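Colleague: Let's have the full structure, built from the sequences with the hints guiding it.
The residues making up each chain are set out below.
There are 2 protein chains.
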Amino acid sequence: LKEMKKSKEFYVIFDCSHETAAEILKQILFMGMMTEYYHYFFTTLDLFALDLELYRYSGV
Amino acid sequence: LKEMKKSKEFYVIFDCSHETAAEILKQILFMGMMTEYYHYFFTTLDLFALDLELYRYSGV
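As they're listed, the protein sequences go chains X and G. Numbering of the first sequence is given in full-length UniProt numbering, commencing with residue 216 and proceeding in unit increments. Numbering of the second sequence is given in full-length UniProt numbering, commencing with residue 216 and proceeding in unit increments.
Simulated from the structure, these hints should not be mistaken for laboratory data. The reader is advised that the hints may include incorrect statements.
Treat identical chains as interchangeable: a pair holds within one or across any two.
With a straight-line cut-off of 25 Å between C-alpha atoms, the simulated BS3-like cross-links for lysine-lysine are [what the hints assert, rightly or not]: (1) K220 to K241; (2) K241 to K217; (3) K241 to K223.
Modeller: Here it is in structure tokens:
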């Protein structure tokens, strides 16, 4: 993640499983880069089983 | 901070007490103002006796 953002690309598709979702959703907070310029996508069909809070993101 | 970041300004002094320092630090970490586009300062004299670990610190 640090070299891909060093490479200045913003638009990514996360081919990931349900288990890896729980850890990516916390590392995405951990590295500290959460700007609105990024676009994210999850391949799994589950989004209401994981924590979603409106105000942690600033409009990503 | 929403208007302050909308004001094209990134340099804020945070003068606060120990407890208020704790709440504001956990709060700003909670949304994620954690990129290199910020520079935060504490005038509180204890920042080594309060819960600080550098491994969270990777962007700010």
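Colleague: Have a look at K220 and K241 and pick one of within, between, both or neither, based on CA distance no larger than 25 Å.
Modeller: both (17 Å within a copy, 24 Å between copies)
Colleague: Between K241 and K223, at a C-alpha cutoff of 25 Å, which is it: within one copy, between copies, both, or neither?
Modeller: within (22 Å within a copy, 28 Å between copies)
Colleague: I want to check one pair: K241 and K217. Are their C-alpha atoms no more than 25 Å apart within a copy, between two copies, both, or neither?
Modeller: So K241 and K217 pass the 25 Å test inside a copy (15 Å) and across (23 Å) alike.
Checked against the numbered hints above, the structure violates none of them.
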